[PDB]
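Using the hints, position chains D, E and G with the ligands against chain F.
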Amino acid sequence: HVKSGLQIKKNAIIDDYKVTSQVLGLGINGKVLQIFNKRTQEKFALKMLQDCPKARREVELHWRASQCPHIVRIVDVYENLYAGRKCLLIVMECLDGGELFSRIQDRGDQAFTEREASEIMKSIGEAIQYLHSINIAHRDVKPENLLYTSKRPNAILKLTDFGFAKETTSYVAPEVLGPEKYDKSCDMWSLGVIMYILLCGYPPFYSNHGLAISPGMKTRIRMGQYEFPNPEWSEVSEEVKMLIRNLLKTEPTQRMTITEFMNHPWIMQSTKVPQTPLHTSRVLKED
Amino acid sequence: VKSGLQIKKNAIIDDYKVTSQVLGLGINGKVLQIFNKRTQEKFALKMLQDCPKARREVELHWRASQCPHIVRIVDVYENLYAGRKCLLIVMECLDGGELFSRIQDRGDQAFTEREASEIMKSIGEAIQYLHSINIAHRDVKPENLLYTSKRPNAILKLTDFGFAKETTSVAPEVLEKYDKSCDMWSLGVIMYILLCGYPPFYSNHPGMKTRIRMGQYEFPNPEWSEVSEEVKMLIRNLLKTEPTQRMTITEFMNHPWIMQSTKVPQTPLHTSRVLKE
Amino acid sequence: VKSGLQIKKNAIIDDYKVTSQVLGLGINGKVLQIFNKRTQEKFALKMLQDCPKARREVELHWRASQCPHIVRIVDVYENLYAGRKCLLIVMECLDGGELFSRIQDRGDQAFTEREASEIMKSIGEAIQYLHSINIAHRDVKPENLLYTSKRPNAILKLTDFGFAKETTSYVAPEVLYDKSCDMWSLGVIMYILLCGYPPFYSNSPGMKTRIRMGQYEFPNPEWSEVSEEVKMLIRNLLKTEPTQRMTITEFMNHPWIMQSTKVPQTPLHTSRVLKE
Amino acid sequence: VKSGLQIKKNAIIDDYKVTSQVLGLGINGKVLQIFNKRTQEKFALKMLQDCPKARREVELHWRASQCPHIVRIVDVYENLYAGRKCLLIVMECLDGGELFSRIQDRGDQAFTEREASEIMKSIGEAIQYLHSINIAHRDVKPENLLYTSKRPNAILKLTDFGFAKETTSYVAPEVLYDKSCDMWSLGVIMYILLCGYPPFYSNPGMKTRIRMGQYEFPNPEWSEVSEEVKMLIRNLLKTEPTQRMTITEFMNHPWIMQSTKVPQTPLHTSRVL
Ligand SMILES: CCOc1ccc(Nc2c(C)c(N[C@H]3CCCNC3)nc3ccnn23)cc1
Ligand SMILES: CCOc1ccc(Nc2c(C)c(N[C@H]3CCCNC3)nc3ccnn23)cc1
Ligand SMILES: CCOc1ccc(Nc2c(C)c(N[C@H]3CCCNC3)nc3ccnn23)cc1
Ligand SMILES: CCOc1ccc(Nc2c(C)c(N[C@H]3CCCNC3)nc3ccnn23)cc1
Ligand SMILES: CCOc1ccc(Nc2c(C)c(N[C@H]3CCCNC3)nc3ccnn23)cc1
Ligand SMILES: CCOc1ccc(Nc2c(C)c(N[C@H]3CCCNC3)nc3ccnn23)cc1
Ligand SMILES: CCOc1ccc(Nc2c(C)c(N[C@H]3CCCNC3)nc3ccnn23)cc1
Ligand SMILES: CCOc1ccc(Nc2c(C)c(N[C@H]3CCCNC3)nc3ccnn23)cc1
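Residue numbers (the authors' numbering), protein chains in the order written: chain F, 47 to 216, 229 to 345; chain D, 48 to 216, 230 to 235, 238 to 267, 273 to 344; chain E, 48 to 216, 229 to 235, 240 to 266, 272 to 344; chain G, 48 to 216, 229 to 235, 240 to 266, 273 to 342.
Hint data in this document are derived by calculation from the structure and do not stem from the laboratory.
Using N, Cα and C, we set each Cβ at its ideal position, and we do this for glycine too.
Don't take every hint at face value.
What the hints assert, rightly or not - Computed beta-carbon distance windows for the label pairs:
{"hint": "1", "chain 1": "G", "residue 1": "148", "chain 2": "D", "residue 2": "72", "range": "22 to 32 Å"}
{"hint": "2", "chain 1": "D", "residue 1": "72", "chain 2": "F", "residue 2": "304", "range": "25 to 35 Å"}
{"hint": "3", "chain 1": "E", "residue 1": "288", "chain 2": "F", "residue 2": "237", "range": "44 to 54 Å"}
The following block holds chain F by itself, in its conformation from the complex:
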């Protein structure tokens, strides 16, 4: 019930971890680097920010969310001096099994099934449900930020990267309590996009000639123009399509909420959803 708060360490991180001058330099350059504990040889990941207001917010919000085990665990935070400047060094449990879609795509010809889609969506949404229950919107939930702990077949999938996260707030109706300004609802848009990609292998909005954002692509996003083409959507439920339809709603306030998402039959009873085979792994493997 009561959760310990963030103690940012001030000692040098190289005390506790074999950090090189090499990786450390890729770190400020945004790279996320694998480093090793020196007591144990256990491996971890290091993300490096320059101590600034935004960086502080990231660490604080991520620290809160770390309680939930579908979110990547922060082991320690350092505030050290590097290149004269002061910066935050975040050490996480190392997620080593790769990005969500990489796993799926490199696995043939073991089909991905709709049921694996549902299980995967059930656990992302659990993470989002936790974040919204404490008034954080992640606001950057994309495939690049969902990684598997290990290649182990039972690896668990975790949400990463909180540099866009925001506190959603500083007979009584809910709005009466806090601002309604809607960052929580784009986490919901994002679930929609991931769910969509999981069932077919490609996103609902895309570029043809590819692959940067198209002006065509932006219009289609803004219009809300997408379809459920054959061959890849033909065995998928109408119930699943309707669910994607509610999440990809253009009007944010028309969008389903995480509580409604989690109570949806398809999410709530993954283990009952058919193991209908999908084109996801082929489409994905085909790049």
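Frame of chain F, contents of chains D, E and G with the ligands only:
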């Protein structure tokens, strides 16, 4: 066309046997029974210190008064009391007690699903009038729904306009924001309670505040088991988290469960047991 | 890729036989007929005193003209008139009358729900083009829906961009209301189409009430044989909460607008009523 | 030189037996007793939602804590609770009850004037420390004066710093209203001590009688109570804030400074109370 509000300036005791000590509780913010001098018939008195809010309250409540589902104001006095200018509102006396406490005093016949609907239809009548003239009540809770008398044929009325606001300042949007919609939230909560006997959100011992914010609530068994998905869906539309997703009072009033109370089954509810106990 | 608006600055009478009387008329917001001099072919003229709002309209109308369900601008002129700079707009001449004028020059042949559907899809096509290039018309009423001619294959076009606005400054749309009232308008027009009078109407502070409140029914006789699928669709377009309203994409993908040849040919009181 | 405040970050439950039945209660204002895990010794717990207001309280209170007439802060935790961030303040447990709570239980006529003086000296010493480090408590009311133990000479202590403000950022002092609030309150309290009811009350015009500063020293109650005291009270209760004496002037007031020399006449306080 209805009459404007005329605040009477002469001392209220010119006209009502008002104790000086009723006046003393009156100031604390108590509604008090008082009597006419000619008629010797009983009325209700609440007292406000004259200020912009009180002026707003009398003003909005007065306009609302045309609706008979709203407690009637007999007249309004502006008197000096304890040195200050302050507002004295005389109302019809609502002698029936509050919505629930009535419902829990019971045992003869069964409080049925149909009684719930008829009740929700009349609170809805009140709300629909308010909103149609661009006032939002904003404090529609049970303690503000009183029965006229103790007769079975008592008529339920809405009270306390201390939080009311004008929502006003072709597509309907070209001709307000979020005030009207919490009246509908409230209708949701009240309707929920009318059907089972407890509220949809509650403290079991910040959880409750979270559950409201997330919109986590059940339709638990046993007591919700006889209620249809139609009624469930209507409550779901009202308890919507995002205000703009909520039903408007016009849609509510045109919902078949409300519009056709007649046609709704007199199936027994657990409301009265739960409430008593 | 299509060309930009090149506003001509030469005297318009160099090109069209425009009389001083029509210029005077056209100054008063009347739309007038003129003729090319090379060709003697027929056109429509409307005159705005040049000002930033007049400039907005021309700029937006030009953009939308790309789409053939929008009246075509053929030339824009900036000339002096009464010593004031002003804009003269030459459009394709729409000669088939207003949408509802044609329907009520019918009886007593049927006007069916299916034809209703098709007309609606037609207007919808205009609105879809606008929105997708971020323009809201904001004046979609019946008298801005004129037909090209009275030939059987005349097309219905949207006119009058005097209230038009740019709606504009794994990523949500709200990142990359005007449009939503266009859609309230589709509902009004659709509602009228299916029965022959408006959903809200004069009876005026009382009518502003009925609008704000959403107060309208689907009375009989006239709505009795009309399909529930339609009534639901109107119910969404006419929603009081704008964000609750359906979008133009969602409108064009609706089975009633999409698959017309499975909306029944059920006859409507529309022409009979429009007449009376 | 005393140590600064070292807000701990580990679960408060690593150290104390904070049954989750207390959190949700303590989180809305209740002060709950808890126990140190290793010593089982009991303590009190106050929980604030972590904000600048809250952080101000802990800091000012930590500073006041060196004065043994302020309740002592044992330590302060910062923890996530229900995903919100909040400060957990662990104090020495004051288990003797509210100052007046005890005086009630006195036997009619037992509580003396000499006692009242000794108490006011005692409350007085707290105010004096606060003001001398530029803190004004601003909520010195009876329910914030609690007794340590129940022992006969258990020491009385000022609690609750939720309203405390720093009264600041040949020379004249002014060249360097909040403290004067504290001195009014010593006045009301001193008054209650001597008769058993306040100078302002109802049987409201009570907001006029304060503004007008109209109160009496009614008999039978006030009849044998000295005049130098009545006069002390009349300064403190001055309507005009600048007219009130300071805490230094109060600590040097003979009735305060030399309680020894003040006679033990009985008051109707207990009975009345
Ligand atoms: C030799 C490869 O070195 C590795 C090995 C494993 C990781 N793990 C990982 C990586 C690659 C990482 N990459 C983030 C980069 C930014 C987008 N989201 C993914 N973030 C996290 C957070 C916790 N671990 N983790 C990173 C680098
Ligand atoms: C039937 C539609 O087929 C298409 C046609 C084109 C694309 N384009 C494309 C594809 C195939 C795509 N695939 C990503 C899916 C998620 C993993 N990374 C690859 N991502 C993007 C981003 C912008 N476009 N784009 C995708 C699917
Ligand atoms: C013994 C007579 O005491 C009475 C008798 C009847 C009433 N009636 C009543 C009462 C008790 C009353 N109470 C409000 C108090 C504040 C909460 N909402 C209800 N408001 C109104 C408005 C019109 N009447 N009425 C009040 C007191
Ligand atoms: C049996 C369902 O579980 C619960 C759980 C908690 C409660 N709580 C409770 C109950 C029973 C309750 N009941 C009142 C509802 C309004 C009319 N008078 C009774 N009001 C409130 C407000 C906050 N909680 N709370 C009641 C039932
Ligand atoms: C005798 C010729 O008179 C005509 C003949 C045809 C037209 N055509 C027409 C007319 C009558 C016209 N009238 C607008 C007037 C303002 C309301 N919206 C319709 N607007 C347009 C735009 C393109 N053509 N067109 C106008 C006048
Ligand atoms: C069954 C209700 O019948 C009525 C009664 C009155 C009206 N009023 C009216 C009617 C009948 C009406 N009829 C047509 C005028 C020509 C364009 N389409 C609508 N237009 C307007 C515009 C403003 N009001 N109004 C409409 C329908
Ligand atoms: C639940 C156990 O019962 C106790 C036993 C002792 C306490 N002690 C106490 C209590 C009751 C307490 N109560 C505050 C409540 C708010 C008014 N000021 C006094 N404040 C303090 C500060 C230091 N201790 N202490 C509180 C509760
Ligand atoms: C000789 C006058 O005797 C009275 C008569 C009435 C009062 N009223 C009253 C009394 C007796 C009073 N007594 C409390 C004093 C503080 C300790 N708890 C008891 N407190 C308050 C607060 C507001 N009024 N009020 C006090 C004294």
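To see whether the hints hold, each was checked on the structure:
no.: 1; hint: 148(G) - 72(D): 22 to 32 Å; verdict: holds (29 Å)
no.: 2; hint: 72(D) - 304(F): 25 to 35 Å; verdict: violated (54 Å)
no.: 3; hint: 288(E) - 237(F): 44 to 54 Å; verdict: holds (47 Å)
Going down the numbered hints, you'll see the structure goes against just number 2.
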